[PDB]
Structures are given as structure tokens and as C-alpha cells.
Amino acid sequence: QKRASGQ
Amino acid sequence: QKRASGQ
Amino acid sequence: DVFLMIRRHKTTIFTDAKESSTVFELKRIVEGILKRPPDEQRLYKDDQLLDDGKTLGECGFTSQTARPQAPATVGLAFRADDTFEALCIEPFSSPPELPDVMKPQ
Amino acid sequence: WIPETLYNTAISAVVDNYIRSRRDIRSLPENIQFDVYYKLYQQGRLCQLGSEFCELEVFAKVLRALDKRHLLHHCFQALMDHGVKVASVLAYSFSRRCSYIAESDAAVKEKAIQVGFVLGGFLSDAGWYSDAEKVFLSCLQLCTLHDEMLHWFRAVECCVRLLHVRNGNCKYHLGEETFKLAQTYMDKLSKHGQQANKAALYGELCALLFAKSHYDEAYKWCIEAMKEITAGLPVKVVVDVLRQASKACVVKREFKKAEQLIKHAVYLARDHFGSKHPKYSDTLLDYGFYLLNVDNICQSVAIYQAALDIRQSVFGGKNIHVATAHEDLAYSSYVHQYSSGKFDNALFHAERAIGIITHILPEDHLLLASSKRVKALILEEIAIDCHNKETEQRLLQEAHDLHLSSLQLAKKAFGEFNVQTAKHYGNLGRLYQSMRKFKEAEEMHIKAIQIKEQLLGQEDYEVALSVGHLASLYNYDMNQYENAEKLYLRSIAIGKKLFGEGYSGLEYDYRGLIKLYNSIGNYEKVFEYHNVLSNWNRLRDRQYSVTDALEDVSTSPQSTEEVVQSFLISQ
Amino acid sequence: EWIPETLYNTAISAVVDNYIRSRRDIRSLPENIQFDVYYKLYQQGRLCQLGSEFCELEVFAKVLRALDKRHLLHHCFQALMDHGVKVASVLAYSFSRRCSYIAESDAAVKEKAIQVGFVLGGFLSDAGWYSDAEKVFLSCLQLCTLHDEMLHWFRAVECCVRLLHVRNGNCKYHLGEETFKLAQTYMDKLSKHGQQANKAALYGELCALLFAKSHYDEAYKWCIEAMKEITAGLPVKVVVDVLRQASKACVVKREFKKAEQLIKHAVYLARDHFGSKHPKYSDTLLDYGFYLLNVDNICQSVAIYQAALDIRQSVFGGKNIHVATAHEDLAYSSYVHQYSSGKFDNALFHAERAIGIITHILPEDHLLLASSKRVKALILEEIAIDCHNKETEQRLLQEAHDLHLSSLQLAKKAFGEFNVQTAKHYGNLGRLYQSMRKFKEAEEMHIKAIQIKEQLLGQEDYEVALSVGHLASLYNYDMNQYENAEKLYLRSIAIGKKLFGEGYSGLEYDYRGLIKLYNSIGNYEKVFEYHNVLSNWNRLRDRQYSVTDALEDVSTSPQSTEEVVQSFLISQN
Amino acid sequence: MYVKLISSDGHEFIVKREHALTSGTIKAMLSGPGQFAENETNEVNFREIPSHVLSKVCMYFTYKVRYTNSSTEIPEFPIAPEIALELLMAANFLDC
Ligand SMILES: [Zn+2]
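Residue numbers (the working numbering), protein chains in the order written: chain A, 1 to 7; chain B, 8 to 14; chain C, 15 to 119; chain D, 120 to 690; chain E, 691 to 1263; chain F, 1264 to 1359.
So that you can see chain A by itself, here it is in the shape it has in the complex:
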């Protein structure tokens, strides 16, 4: 994936 998990 590109970005981290949604906060």
C-alpha cells in the first residue's frame, strides 16, 4: 500500500 492506516 501507499499510506498508513487511517487514524
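Worth double-checking, as some hints may not be accurate.
As the list claims (entries may be wrong) - With a Cα cut of at most 30 Å, we get these calculated DSBU-like pairs of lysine-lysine:
hint : chain 1 : residue 1 : chain 2 : residue 2
1    : E       : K862      : E       : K1102
2    : B       : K9        : D       : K371
3    : B       : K9        : D       : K644
4    : E       : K776      : D       : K158
5    : D       : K158      : E       : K752
6    : F       : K1290     : C       : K49
7    : E       : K752      : C       : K117
8    : D       : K508      : B       : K9
9    : E       : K948      : E       : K871
10   : D       : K508      : E       : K1080
11   : F       : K1290     : C       : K32
12   : D       : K437      : E       : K1009
13   : E       : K1080     : D       : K556
14   : D       : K558      : B       : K9
15   : E       : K1187     : A       : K2
16   : C       : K117      : D       : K158
17   : E       : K1188     : A       : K2
18   : E       : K776      : D       : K395
19   : D       : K158      : F       : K1290
20   : E       : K802      : C       : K117
21   : D       : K158      : D       : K204
22   : D       : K566      : B       : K9
23   : F       : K1279     : C       : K68
24   : C       : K117      : E       : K1102
25   : E       : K1033     : D       : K508
26   : C       : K24       : F       : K1290
27   : E       : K943      : A       : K2
28   : D       : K204      : E       : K948
29   : E       : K862      : D       : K158
30   : B       : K9        : D       : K376
31   : E       : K1080     : D       : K461
Read the hints as simulated data drawn from the structure, not as lab findings.
Once you've looked at the hints, dock chains B, C, D, E and F with the ligand against the given chain A.
Only chains B, C, D, E and F with the ligand this time, still in chain A's reference frame:
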């Protein structure tokens, strides 16, 4: 569309 | 602003007086209602003479305990001819006592 | 802030003491008992209210407050949404009371019938026709046990209402029997020299024969009903006869008289009843039917939404009267937003129609067929307008099983050779056209056209519509342009004869012929039909400047006798 | 074995079947018998007959005295609310109405009303009806603020302690500070008479309030105050509440070493006194899952929430705010756990259940939606990316955008423009606009989130680290800004390795992006050494896959009360 | 400006006339042949309304008149459970 509305 | 129920025998005068107003104005407001001079009448907060000099706030008629929802009663006697009479304040009525559903029966 | 009245404060105090004064409320005046029960509804105590309303002694006194009946219809319905079956319990209680007092004099029987009539009228006004039919059956038995003049009048007035609750319940086979009983009682009445007016009964029979798609007999009994309208009828009777007369005129292709009939019906309903009454909503629903069938679809959505918003207010959710408003608004939104492709509001209404009808009626009920048909029409157009082939197959298969269920219901109830089963045949043909199954599509359209031309003459609007559908199947798919051209010419001729050059359904035939000739040749024909289509578009843009239909009804346009007399003079 | 039924349970069925003709006489029964008749009515499905007797306050007061069978009473009450009857509001209004009448009455009647109000408000707060438990507690306070005597200050400060719990849970944070000020005023009035009430519960409730408004600096101070105020004579519920709120305040200031001890002791105390099937044990389980999710122990956090939700679906019923909070907490944990796997099937099912409950029981303009919605608005995003279609992707991203806008509007209306929750919503919107290919809007939203969060939290805070990680992912993968992405990736990596060590899960999502960056810009030595770093990270990640269940990790009596408290207090120096 | 609301028992609840016209029925009773100013206060007979409920009615009069168009939050009128039913029928009859 190709045909008229439904009845 | 204090609300009262000036009951004598069966009448119940529903009057409103200022908190700072004295008992003499409370006796004088009956002049326009029952047309009897304030000299020949005295008030009664549960067997307590209410003299003219002392104010309504001094004798326990605070606006918290005499709100319009449940005004505080005050007795009255009209001296008859020369000697005052006892408080003959008759109770209103007994509402139909609804039975308690939790009472064992 | 303002101080709340001593009445409302005392109601709040009595309700709060409900356990200690539950039976003492029943000794209150009838205008206080209903306010206490409405406070129970408002406070959320639906269980106590449901327990009280399930008793006929309590509910009869609630029904005597006619000022706040609109408040009662939203309480009762809430109880029927609460899960307590108040309607069936009240019907059973009334049937038990009638069975108990069958052996009595004619004094208490007349009292029970009058209580029976208000209860049945409430249960049929709320939409519980299967539960109002039991009450009216008990009333009819009471009026049948004796044969005096007043009992004959009450039996006729009870078979009028029993016919009404057997029309909205889709029991069209018992409607003929009920009308025969009413006719027998009326003949016995006229034998003794006392005549009862026949407007309401003939209007209910008109609704029966229209719902069976017997439009010729429906119009005949329409004329017979309007021949029996006097100046002394109740406004409800006149309104019902006007509504059913307008519907019969519409399906008889007589929009010139249907317009005055239904506009006068809407005016009468909005005048006597009000803008938030269930009967006004019924008039709006039939007026939307009129507007949808006269190529005025854009206003019809504004009428059905007006009709539904009245019915969601007085009744609330999970009601057949709201469900009918949903399934009618869903079809009108489907027709209006057809070329636009925005079947988002249309499907949302058709989902609620099935979601309400499935809860309150059995799976084998005809009213579920019409709600399934509309959602199947909407799902088909959502299917062909999407890009996912998985969706294009799943939605098409859902529409297929919905159409087959509706066809089975219509075939079981009406028969093989009715108009309403031919409409399902035509819809199935359109579905098979969309679903790339053409051998069955041609058969379905042929069956629909043959049934609708055997019954509805040769140049009707419905047969023209099915002819246009079959012609689009031949043109765009089978490439049999010889037959498709002939069917397009037939459809164009019928549409022009019925709706004129400003018909909005002529685009699907003009473009069809344009593609037909582009496929085969005759570019002079392409040019002529192209400029005809341009003229049609210009005329449609000129006519598109429409107004609100409620304003078109206006206030006090006509008089009650004038409209009936004009209709009768115009045959 | 076919044991014949007890004569008690056989006569209960005979009494229920004869309920209508013996309904009045049932109210004149012992409390243990009378509750069992109503529980049999619920069991038989006769809710309307049961609901018409739970609406009366005095009849419901006797079934509230059956403290043993309260787990059954909660389930009956939740069945009644799902039935349609609004017994929670009816009982609250009945208590307030019958409470305003005996304001001037004697001390015994007012004491009885106060006790009935405490039991009823505690029930309605336990069941989750905070808008209805507030009215009961408001009426109890109104009784307490009549006579300025000794015990009335104690009962009023207890009322104000209970008002914070029914206002923090109802998201009435504006009234929470006022209630705390009133309670502190009454504690000062007590202190003027040489008597000090125990302030642990009030300070724990205020810590919950300040954590809810994202005031972690003040929340940590107030939980320190609450833990200093814990004594030996506190009830188990009060010390459990204080311990779990102090754990939630410690984990959000990233004092994980103290938060683990506090929450493990809280879970141990909840499991001892209350059991494994109690609402308070489930609350401690939710806070334990919050800890485990914040400390990169997500796989155990999912199982902890799954254990927490299963208690709430058994004790309570269907449409309940406690079940809804368990669903929205489990939906987010399953989301973060299955983020790499992509199996958002249970996470979406749990997020949809949470919204399907909160919308039914709360107004559309309520703050508790802003959590549930955004959780769905995360999952709907990741399903949109995983879906190969463009139509379904567009529809899901538009739905997630609507949900994120609604949640951001709710958070802005509740807290303000400069809150940490608003910063979280801005970061989520930035991620979504990155997914929606609106790169300028994504950059603006991420910059707004950074500006809001940097001043509120620390300069090198964990939330700032993950948000600069999101912004670096946007700059690297999408905006091709190859220097700002580098510096933000380095910041995120530094903060992650400073806080969680080398086992932080976001380290891989930073290293892969940074390797892609360097492959885009060159310096193959950096690429090689970061491949080595990523291999080492994978090694430490597979080594730390012990994932032993945290339910038994709290063990049996590892320490005791006023030892974990004492350790937490002494560690503050 | 005072009216004497005599109850069924005989209690003479002398309330201000401005307060009594809050109820529609008392306003109607003080119109027509009932507005004849016998003595100074108009004696209104209430042979069906007992004293224990007419006292609550007069208290409601002095409560609504005082608390009308109140800016602050208004407290509910205290109606006891034993009086609530009899004061419900008295509130309907008096149209107050
Ligand atoms: Zn119920």
C-alpha cells in the same frame, strides 16, 4: 433509449 | 413578590403582595375585598399574630415557600364586635384516596 | 415561554398516575379519554395504549372524537407498527359482540351497527381492508337477520362499504357477489316503494370493474353512477364517484371529460376535507393517475409526492395507503426520470412499497404484484444504465423473478386474457429485449399485443405502447425492419390520434424510424423524419412551459351539479 | 436426565399464563418473585404485557432491587426499548414528575426518592440511556440542593459525579465543565465543615471529559489527581473506572509502561469482582483494546474488542449505544488489523452495525455518529481502492467523502477548529482526497492537520508522526515532490523508532515509500541500505509474532491495589 | 376587579377578575346575566366543582397569569396524583 418506458 | 391565601372561615382571598411590603398593606388590601377596617382584623401564620410594623419577609413569607404554584396560607379574624375569634379555617375537602397498587390486598 | 394549560398539565398528571387510574379514565368524557390516550402515545407508552385500544369499549369512545381523527389514524397505525394487532383484535371483538347479541331486539342491534359502521370506516380508512371486512360482514349479518325498511337501508349501506373493502383488498371475485347482494336488497327496497340512492354502490362497482380491467363495463357503470348523483349526497360519496369516474374516463381514452371530473374531485376534497386529509390524498392519487396517463408526467410526480406526503403524515409508515402512494410515485418517478436515467428516488420509493406490502399482506396478494412490477421496471433500467456486467446480470435476474412473480399473481387472480396480465407480458418482453433473449421477447410482445388488441379495441394507447416496444425489438435487435416500420407507423398514428403532435412518446418512434431507414436506405425518408422529429422537439419545448397542477385545480372553478350535467350531456 | 421443573418455575409459568386475571396481585409479591414473573413474561415474548408494567416507576423500582438478576434486567430493558415502548424516557419523566412534588416533604421521603433515583439513574446509565439518566440525576440533584445540611452535600456531590458520567457519554462536554465546577463547589462546602469527600470518582469523570475533548495535557494531570485520591475503602467500580480512565490518559500521552500496568490492574479487578460477563468488565476490555491498539499490538486488540463486544451483545440486546460503541471500536481495530490483508468484510459489517444503531437511538446531529461514520468512511475508502472497478470506486469514495464531511462538521461543532479530533478528521480527509486523486485538496487538508496537531500535541508526537507519514506518502507517490516527502518520511521514521522502537508497524509503510522515493531520485546505496533495514524490520516483526492472548496476560494477582497506584504515583517524579 | 368563585362545599375563593378570565367558562359565566355586579365581587357558583380542586384551579389562575410570557424556564404546575383526575374534569369544564 431504444424503446419506450415500461407499462 | 409573594403570593398568599388569606382564609378566614371559608373564604380564600388569592392575593399577591410585594416581598418587602409589610403586614399593614396585607391588612389594607382586604379593605377592597371584604370592606372591613384593618384595625378590626389580625392575620395568623399558623397561630402567629402578624403585627403591622414587621414586614412580610421577616415573618417567614419568603418567595420560595409562597410561590404562585403553592401559595402560603394565612389566617384571619375580624374581631367580631370587640374580641377576636379563634382560627376556624376549615379544610377544603378530602380528595378520593386512590388505593396503592403495591398495598397487599 | 408560555404556561401550559391546566388541561394538558392534568393530562400529564393523570397519565403519569396511569396504573392507579387506568379504569377511572374510562369514566372520563369522551373528549378527555382520547386526549389521555394521545398523551400515552406521545409519551411513548405504546404498550399501555395498545392494551387499551384493543378493547372495543375503549376504542368506540375514541372513535366518537371526529375532530382529532387525524391524530387517531397516526396512533392506531403506530400500534400496528408496534406489533400489536389492534385491527384484527377489534374486528374479532366486534364479531364476538355481534354473535352474542344476534338474539336480541332491534334496538341494541341498531346501536351495534352504528358502532360497527364507524369502526369499519376507521379500519378501511386506515387501510386494514382484510380487518374491516370482518366488521362489515358482522354488520351485514345483523342487517340480514331481519327484513324491515331501516334494516334494508342499513344492509344496502353495509354492502356499499363491504364492496369497498373487497376492492382495496384485491378480492375482486367476491366483489361481484357483494354487489349482487346489494342489488337484491335495493330491488327489495324499491319493491316496497322506498328508493335508496345508488351513487356510492355504482361507484364502488366502477372501481371493481376498472381494477379487473373491464374498462367498457367500468365506463358503463361510471355513467350509471353519475346518473345517480344528487345535491344531498355526502361529500365523500361524491368525491369517490368523481374519482372512479375520472379513472374510468382516462382508461376509456376520454381525457377531455376526465380532466373536469378529477379537477372537480380534487377541488371538492381540498374544500370540504382539507389539504392534509386521507380522502384528499386519494383524490390527489387519482389525479396523478390522470396526469400520468395524459402525457403530463412532470406534474404527476408533483402530485404523487403531494399525495404521499399527506399519507405519511396522517398514517405513517408500514401502511398500505402509504405503500400505494409509494408504488405510484415510484412508477411516476420512473416514467418522468426515464430518459434522464436517475432512478435513485424512483427505486427508493419502490423499495418502501414492497417493504411495506410484504410486511402487512401475504406473499400471494395482488397488491404485491404491482409493487414488484414497478421495482422490476426500475431495476431493469438501472441494470442497462450501469457498466458492471455482473450487475447487469444480477439486477436483470432480480427483475426477471419479480416480473414472473407479478405475472403469476395477475394470471392467478385475473386470468390469461386480461389487460393487467398483458401489461406484465409487455414488461417481460421489454425485459427480455434488455436481457439479450430475443426469441422469448418476440413471443412475449406478441402475446401482449394480441391480448391488448383482442380486448382494448384496435387503436388504444396500451396496444400502441406494446406495438412500439415490439417495433423497437424488431428494429434495434432482430433487424426485421419491414415489420418494425409498420409497427412504428401504427404506434405513431395512434399516438397522434390520442395525444397529438406534442406526444412525448413519439420520440422513441421517430428515432426508431430514423435508425431503421439509416440501416436500410431511403435518405429522403431519413431527412423527412429528421425534420419531423425537429418539429416535434420544438413543439415539446413550446408546450413544456407548464404550471403547478394544484393551482390548475384552483378554488371554486365549477359546481357539483354542473360537472355531472356536463359529463352526462357529453355522454 | 430430564429433571422435573422446580415448583417455583412451574408456578411461575402458571402465574404468567394467568397474568391478566392476576396482574394487580403480582405487584404485591416479594421482589425476587415479582422479577421472575416479569422475566418469564419477557421469555414468553409477551413484551407488551411486560412493558406496560415497567413503565410505572414504582413497579420498576422493585425489579431494580434485584441486584443479583440485574444482567437479566438489562436484557429485558433493552428488549423493551427495541420493542418500541420508550420506558427509559417514561421512567425518567415519571421520576422527575414524582420528584418535583416531594421537594418540600420530610427527610425520610426525600431520602427514599434519592435512593430510588440513584438506582434508576445507575441503571439507565449502565444501559446507555444517558439522555434519560441525566433527567433522573438532575432531579436527584434538585432534591439535594434544597436543604443545606450535612448529608445533602455528600449526596449532591455524588449526583454531580454521576452527572459527568451521563454527560461525557452523551457528549455534552459543554455542560461537563459546569457540572465539575458545581461538584468542586460542593466539595469546598464540605471542606468548610471539616469533612473531606473522596474525590477519586469526580476526578476520573473529569479525566474522561478532558480526554473526550482531546485535552490530554489536562487529562493526564487530572488522572494523576484521581489516582492520588484513590484510597483503600473505595468501591471496586469507582477504582476500576479511575484506573481505566487513567490508563486511557496515560496511553494518549504515550506513557505506555504505566498505561499497561494501570489497564491490566483495571481488567484484573473487573474480572475478579464483576466477572467475565459484566458491563464494567466489558468497559475495561474496551479500554484495554484501546491500549493494545495504541501500542501496535493490533492483533490482540481485535480479539480484546471481540471479547468486549460479545459481553455487550449478551448483557444488553440489539439497538444499544454500548453495543454500538463496541461495534465501532471493533470495526476500527479490525480495519487497522486487516489493512494490509485487505479483508474488510468483518470490519465493514461491524462499522455498518454501529451506524445502524446510533442513527436509530440518537439524533442525526449527535457527536457519537462522528466516530462510527468516520470508521465506515475509512473502510469504504479501502474497499474503493481494492475494487478494480471505477464506478464502484467512485461511488464508495463519494460516500466516504460525505461521511467524512459529516464527521468533520460534527467535530467542528462540538470541539472547535483547533481540536485533535478535528485534526484526525482533516488527516482522514487528506487521505481520502489522495484516494480521490484531488491532490491539491489532499495537500491542503494534510497541511491543515499538521498545523492544528503540531501545536496541540508535542512537536514529535505520535499523531504528528503518522500524519507527516500520510503527507509524505502523498508527496512521494502522487505529487512527486521528492524532498518534502524525504524529510517527512525521516521525521515519521525517527518518531516511530523513538516511541515504539524498531517494531513499529508504520515503519514498513514508511520504508517502502522511501525506497520508492530513492528509486525515483537515485542514490542506490541508500536504496540498498534501506532494503537491508526493511529486511531487519521484517525479521523483528516475524520474531514479535508471539501474539499470546492478552485476556490471560493480566494473570491472577500479579500485584494488588495501592501498589499499581503507588508505582504509578512514584514514577511521576 | 375581584370575583368570588364559590365552590360546591361553600368555599368562597375570591380571586382577581383578571385571573378568572383565564378560563373560558368563567369568562362566559361573567358575561350576560352573570355580569350583574351583585355586591362588589361577582359570586360564581360551581356546584359541581369541589373545594379541593377549585383551590388548585385558582392557584393555576394566579400561576399562569404571573408566569405568562416568562423569559426564564417555566416550572410545571404541581398536580397531585389524587387530585389529577378531578382537576382534569375541572380543567375541561372551565376550558382553562
Ligand atoms: Zn409493546
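So, going through the hints one by one against the coordinates:
Pair hint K862/E plus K1102/E holds up; C-alpha atoms about 14 Å apart against a cutoff of 30 Å. Distance hint between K9/B and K371/D is fulfilled; the C-alpha atoms sit about 28 Å from each other, no more than 30 Å. Proximity of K9/B to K644/D is assessed by CA-CA distance (about 19 Å); at most 30 Å being required, the pair is judged to hold. Taken as a hint, the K776/E and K158/D pair is honoured in the structure, with Cα atoms around 13 Å apart against an allowance of 30 Å.
About 26 Å separates the Cα atoms of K158/D and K752/E, which keeps this hinted pair within 30 Å; it holds. In summary, the hint linking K1290/F to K49/C is supported, as the alpha carbons are separated by about 25 Å, within the 30 Å threshold. Taking the CA atoms of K752/E and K117/C, the gap is about 13 Å. The hint holds against a cut of 30 Å. With a CA separation close to 19 Å, the supplied pair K508/D and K9/B stays within the 30 Å bound.
Taken as a hint, the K948/E and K871/E pair is honoured in the structure, with Cα atoms around 29 Å apart against an allowance of 30 Å. For a cut-off of 30 Å, the pair hint linking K508/D to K1080/E stands: about 13 Å separates their Cα positions. Between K1290/F and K32/C the alpha-carbon distance is near 28 Å, which keeps this suggested pair within the 30 Å criterion. Distance check on the hinted pair: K437/D and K1009/E sit about 20 Å apart at the alpha-carbon level, within 30 Å; holds.
Restraint check for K1080/E and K556/D: the C-alpha separation of about 28 Å stays at or below 30 Å, so the hint holds. As the CA atoms of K558/D and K9/B are separated by approximately 18 Å, the hinted pair is consistent with the 30 Å bound. With a C-alpha separation of about 20 Å, the suggested pairing of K1187/E with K2/A holds against the 30 Å cut-off. Between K117/C and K158/D, the direct Cα distance comes to roughly 27 Å. Compliance with the 30 Å bound is thereby established for this hinted pair.
At roughly 23 Å between alpha-carbon atoms, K1188/E and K2/A fall within 30 Å of each other, so this suggested pair holds. Pair hint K776/E plus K395/D holds up; C-alpha atoms about 28 Å apart against a cutoff of 30 Å. The hinted pair formed by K158/D and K1290/F meets the criterion: a straight-line CA distance of about 28 Å does not exceed 30 Å. Distance hint between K802/E and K117/C is fulfilled; the C-alpha atoms sit about 17 Å from each other, no more than 30 Å.
With a C-alpha separation of about 20 Å, the suggested pairing of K158/D with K204/D holds against the 30 Å cut-off. For the proposed pair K566/D and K9/B, the alpha carbon gap of about 21 Å is at most 30 Å, so the pair holds. A hinted pair counts as satisfied when its Cα atoms are at most 30 Å apart, and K1279/F with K68/C qualifies at roughly 26 Å. As the CA atoms of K117/C and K1102/E are separated by approximately 54 Å, the hinted pair breaks the 30 Å bound.
Straight-line distance between C-alpha atoms of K1033/E and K508/D comes to about 24 Å, which keeps the hinted pair within the 30 Å bound. Distance restraint check for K24/C and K1290/F: the Cα-Cα separation of roughly 23 Å lies within the 30 Å cut-off, and the hinted pair is therefore satisfied. With a C-alpha separation of about 28 Å, the suggested pair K943/E and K2/A falls inside the 30 Å cut-off, and the hint holds. Restraint check for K204/D and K948/E: not satisfied, since their Cα atoms lie roughly 58 Å apart, outside the 30 Å limit.
Between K862/E and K158/D, the direct Cα distance comes to roughly 29 Å. Compliance with the 30 Å bound is thereby established for this hinted pair. Note on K9/B and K376/D: the hinted pairing is violated, with a Cα-Cα distance of about 34 Å set against a maximum of 30 Å. Between the alpha carbons of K1080/E and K461/D the distance comes to roughly 19 Å, so the proposed pair stays at or under 30 Å and holds.
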